[PDB]
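Quick notes on the structure that follows.
All protein chains of the complex are present and in place, except for one that has been dropped.
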């Protein structure tokens, strides 16, 4: 019987690649999404055409609010409902935009989105994952540049730092239950086609290893390693997949 | 004219020692507090008896909420109202209790622990900066054990990690305004007055340097250094004041 | 044809597991050793019995000295002589013993051995490896998860391991233009020997959150195999703990 995985923010880009790779590895998957309904449903349809009854979608807003714990429990619940088990949680969903210290979004909203998606939802999901329980593990999508942050991204950066601490705290606390908790920390990865070519080049030429971005598949490869039988003594580790970017001085 | 400082959670213990030392160095102080109203008022009284109208109190819950931004803005405003300037912000107030992964609701624990330890500091930092011989700085009370966290303290530890991220982000972003942003990271300092001495001795015995906890004053001494003219090129630094505790293996 | 790897200190324990797993993966291997000659030769015999002409031995002391650069050059050269290429270098050899700061090897001999094996030799091997340079070239350095919470009285060992973190990052940056990746694997507690008592072993095992046991040599080797593989082609400068959570545990 096939294990099952929840991948948050899995309708497109890096989360989608992670879902695809877990599916190719033999996992059944819950494709969580927020706004990307068509892409999510299309992805589930493709995966089920490949192997029947192996993919479902699950919609949720992961912005912080008083109902977020119930939304996070329901995501985990949805994996048990479809597949009867939940072996892997990948916390990939993430809001990302600048919040200068000095658009129509209120600061209350920025806090809720940036800290909710990057940190609090990962925490609540982790809680519900553990509570609802083989090679069980969680993989948090972190950020290789967390200690050399981009200008004006304080709330996003706080979120991702929080996620490091969660990865560590949950690894320690969940180890007695046989649940491993690790991270993958991308540097520059899968720049959107629509992003300006000059801006894409500016970022790509920062990367010592090949002067290029990571593919989504390269990021997925590190997730696949961490959930695998070859990582069974690894917990609390965060693997940078950054081409050396984080090592480069100003 | 004398400089002014805001100290959050300044009624008792470490926040009080910081307030007192800043006042002894010649600062006017805002004594922020939440529940410890008697202690906050009598402290301000003691300081004002020493030098007339050099201390004021300002009450506010720093739990995350829709009204938290306005609260933080009003704390910085009270400094300007009292003293016409705000040179130093010390983010010391902090909720601290366990939140195991397996009567407060979790969404309330999220609000209190992430609010006090991270989101209020961010909002105070915004309000501080927006209001801007000059020697402006922020000191954030961090935690030397943030990478070796206590069992069952996920939310607290996430909060403190987010606080390291804020320290670094804001140091980078506010540097052009001449505002320095640093941290002080205690390990074991004052233990609860209610905690039995024999239990206190179990924390104390872990500390390499003298097998005892830090005084409030020892913590305050690092804060005084960082706000001083002797630290004018120091920004984004977090100084452990931990007696070596963070270096001690399991 | 098959890629080739050098593994230092490969006769026993973790080094041997790394060599075996690389060989299983399709690599030809140079088994470097210092004193463990019988085990090195026995290992080469076993691997060659699986596939002919895929394992050789190279003896060298990796203590720091005036002759270490040449020794390191010869270790790399042993791989080219045998196999005609050198794709992977694994810096695993390591001296390990206490060097109390406050008081019969002389201190200069302890410096030589501990800094030599853990840091200078890996630097010199890295130089010789790079100088000899589609392909998938990489270096994996065996680091230590407890490098920031070091054991009492192990200053020189700990200095050597910190210096190795430095080399890992410095070499990642500098060799990236050549497509040579440089990474680390950081064990916590692994394969405790008979030379240790039950109290002492239980003391260490019991600290580990994930199962209250040491890592097997194979588990350390698994992380090495990943870093060397095509699945880690964008990874350089990364150090992967394989420590069961040990490093996260406060005092």
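In order of appearance the chains are A, B and C, and numbering begins at 1 in each one.
Methods note: contacts are C-beta pairs under 8 Å (C-beta built on N, C-alpha and C of every residue); 3 or more make two chains touch, one makes a residue touch a chain.
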### Summary
Of the chains on display, those the missing one touches are A, B, C
### Omitted-chain contact residue, chosen from B:47, B:120, B:239 or B:250
B:239
### Query
Quick one: which of A:107, A:150 or A:152 touches the chain that's been left out?
A:150
### Task
Can you work out which residue in C:101, C:194 or C:195 touches the chain that's missing from view?
C:101
### Query
Which residue among C:52, C:53 or C:66 touches the omitted chain?
C:66
### Interface residues of chain A (partner: the chain not displayed)
145, 147-150, 206, 245-250
#### Entry: Interface with the unshown chain - residue positions in chain B
168, 171-172, 175-176, 178, 180, 208-210, 214-215, 218, 221-222, 224-225, 230-237, 239-244, 246-248
### Query
List the chain C residues touching the unshown chain?
64, 66, 68-69, 100-103, 106-108, 111, 115, 119-120, 123-124, 126-127, 130-131, 147-148, 150, 152-156, 158-167, 169-171, 173-175, 178
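Note that only the chains that are shown with their structure count from here on.
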### Query
Based on Cα centres, what is the most central chain?
A
### Query
Out of A-B and A-C, which chain pair has the most contact pairs?
A-B
### Query
What chain is the most remote from chain C, judged by the mean position of CA atoms in each chain?
B
### Task
Just give me the whole-number Å value for how far the CA centre of chain B lies from that of chain C.
44
### Query
Once you find the CA centre of chain A and the CA centre of chain C, what distance in Å lies between them?
32
### Task
Spell out, as numbers or ranges, the residues of chain B touching 2 or more other chains.
147, 149
